[PDB]
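Shown below, as structure tokens, is a lone chain in the form deposited in one PDB entry; questions about how it binds or moves come after it.
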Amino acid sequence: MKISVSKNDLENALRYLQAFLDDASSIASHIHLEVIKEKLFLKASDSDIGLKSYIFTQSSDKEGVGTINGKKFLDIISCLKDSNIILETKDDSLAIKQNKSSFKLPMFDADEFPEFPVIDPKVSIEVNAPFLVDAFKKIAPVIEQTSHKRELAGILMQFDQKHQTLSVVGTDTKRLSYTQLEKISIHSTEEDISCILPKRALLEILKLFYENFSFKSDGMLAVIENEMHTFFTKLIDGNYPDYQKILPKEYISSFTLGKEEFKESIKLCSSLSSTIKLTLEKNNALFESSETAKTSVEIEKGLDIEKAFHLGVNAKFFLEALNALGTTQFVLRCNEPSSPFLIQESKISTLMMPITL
């Protein structure tokens, strides 16, 4: 601020910013306020990630800067009425006013709020289709934030300028989920270039972005930008493993199976245990957890098998793999019961390690 009037546009801006805050003694716990013309600009950052956002002002009597504790600011705004709220700096205090209610909060020197990074892009793309963010959404569940292998704690973005391809890859060592987007105009200095986005960053991207944004990276940070927001995250330093070297080249069998039938059957048995025995027969699939859950689905289009094929699976992994698919039916390819098996549509594939017995 300097003296602005503004709506509960504010509340919304402040909700999204909470995730980017850090310890109330720290500047990182504060949201940086800045009025330029008819816009209040809001920034929050804790080193790893950052967000810039803005709202329009109902009046701008004076331009200026400020800071305020980000959590406390939201708490106060969420208590006020759906009318205009006056924001005003008085010395080192931020004044929030509405009718007969007036609040004061202490500010840090806004020059000591850290600046958002300006990077020199090594790679840069414009995203107009939802496919990238659809792939993030679907691959996110397979990635764990706290991985023994530091590099696996995010999602991989593998740019190949030469072929116009952006490969998106997630793993936790028990499943590997991947997709490759065609026809991306990749403006990059090197031909090949990999960014690993942390999981925390990935989950924030999902809340803020879908279509019509820029993605730039310099190998250290990655900046995503649209008309409302500039977002930054640090990348995971490290080399993501070569996923293509682990994908089996050949599968002995490939079974076309009904997605929602399998989903429902796996939910059923998952009420008694997290691991499921799946038995594929020619015209039937059976699912089994002193206790027992069992259920079966018919397969009209008989499978190519003489002897029945047993397979131990984690219920939740199999479900998450099927949620990645948009087709009504899916393909399960496997070699031996103990060997990895693949799940895919009639863009996202999931390679999965089975369980024994």
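Rigid core (definition): largest C-alpha set, two forms, superposition within 1.5 Å. Positions refer to the first chain, counted from 1. First, how it differs from the form deposited in another entry.
Core-superposed comparison between these two forms: among 81, 150, 90, 245, the single residue whose C-alpha moves by 2 Å or more is 81. For residue 58, the Cα coordinates differ by 2 angstroms or more between these two forms after the core has been superposed. Once both forms are fitted on their rigid core, the CA atom of residue 128 lies less than 2 Å apart between these two forms.
After superposition on the rigid core, the Cα atom of residue 212 is displaced by less than 2 Å between these two forms.
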Given for the second form:
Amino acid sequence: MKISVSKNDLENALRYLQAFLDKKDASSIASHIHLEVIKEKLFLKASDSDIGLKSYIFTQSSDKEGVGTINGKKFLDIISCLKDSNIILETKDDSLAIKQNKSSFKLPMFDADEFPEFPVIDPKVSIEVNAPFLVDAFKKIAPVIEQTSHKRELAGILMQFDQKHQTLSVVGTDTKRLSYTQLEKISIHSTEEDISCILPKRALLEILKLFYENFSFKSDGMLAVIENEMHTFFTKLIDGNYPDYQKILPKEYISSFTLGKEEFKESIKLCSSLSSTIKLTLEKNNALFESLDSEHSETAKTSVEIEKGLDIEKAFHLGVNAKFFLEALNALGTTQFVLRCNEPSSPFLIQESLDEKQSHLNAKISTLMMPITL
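Structure of the form deposited in another entry (previous: the form deposited in one PDB entry):
Excluded here are partners and other molecules; the one chain stands alone.
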């Protein structure tokens, strides 16, 4: 191989690749990036049985095509220390030479055949994502999912496609809260009417770094492959039977309250200075907040006026987990929210104000949460 490339193009590609390297043992090919120069592109890949990324940059010049490997961390550390002007990469046996005016480096290459082949699938489902709504869903639902969950299928996000009705339902839960959205009018191409994919949390986080809009999502029910102009990503899927989220959602709610999002955030954060759980009291024209699990001589209280009166007689009391309630608020796009309740001992819902209205470049995420007793 012998090429010249743009310093900034190469730095960028390498930063994205760092997440897919096992960097600690530099002696192992798991710390290296595979390189391949073909027809005016440098392809760079790092991969695994269960997750991987392939990218390319255009070569400024390309003189010798072929393949090789290089330690990814060291490569990125060298290139980040050079000026913003072309870099020459050239093999010299089982070594890669890096050159930029007076600065020169040599790093060892490993056998390129030891690199795992980058997998390709025959898709059973596919979509073109032309707007940010899916990543928006991903980002808003991610905090409810535990990556190190000892329960296998909850350690990822559900994507549930309905070809019939052109919907993609997206769901996360950790058993204490469950956040979901149903995306409308998605042109789904599928060999099945209804198909489901559970994506590991770790892949979800990597997707949020790589993709925003204008990408394809394709799955064979075993791997998902996500692709845009410069990147191909893949992940193993989690093995299956995601819980029936539809069965767990309440059918109706005794009470529905429209409440101020930012005033509830500030009030909850304030009380959480001394407690992880809060007693919320709703009256007609007031919301009161009190630390609940505080140490017994430590107390935080606040309140907020509700100008447009709630439909309450006396007072409804609800124990909440502060962090979870805030995360539910953080996932909302509106200035107000709706809190839907049944008994104080049963799960309650948090959603956007006017949640039926249809929005094209944002998802609308609802959260069901289990209350704290008392």
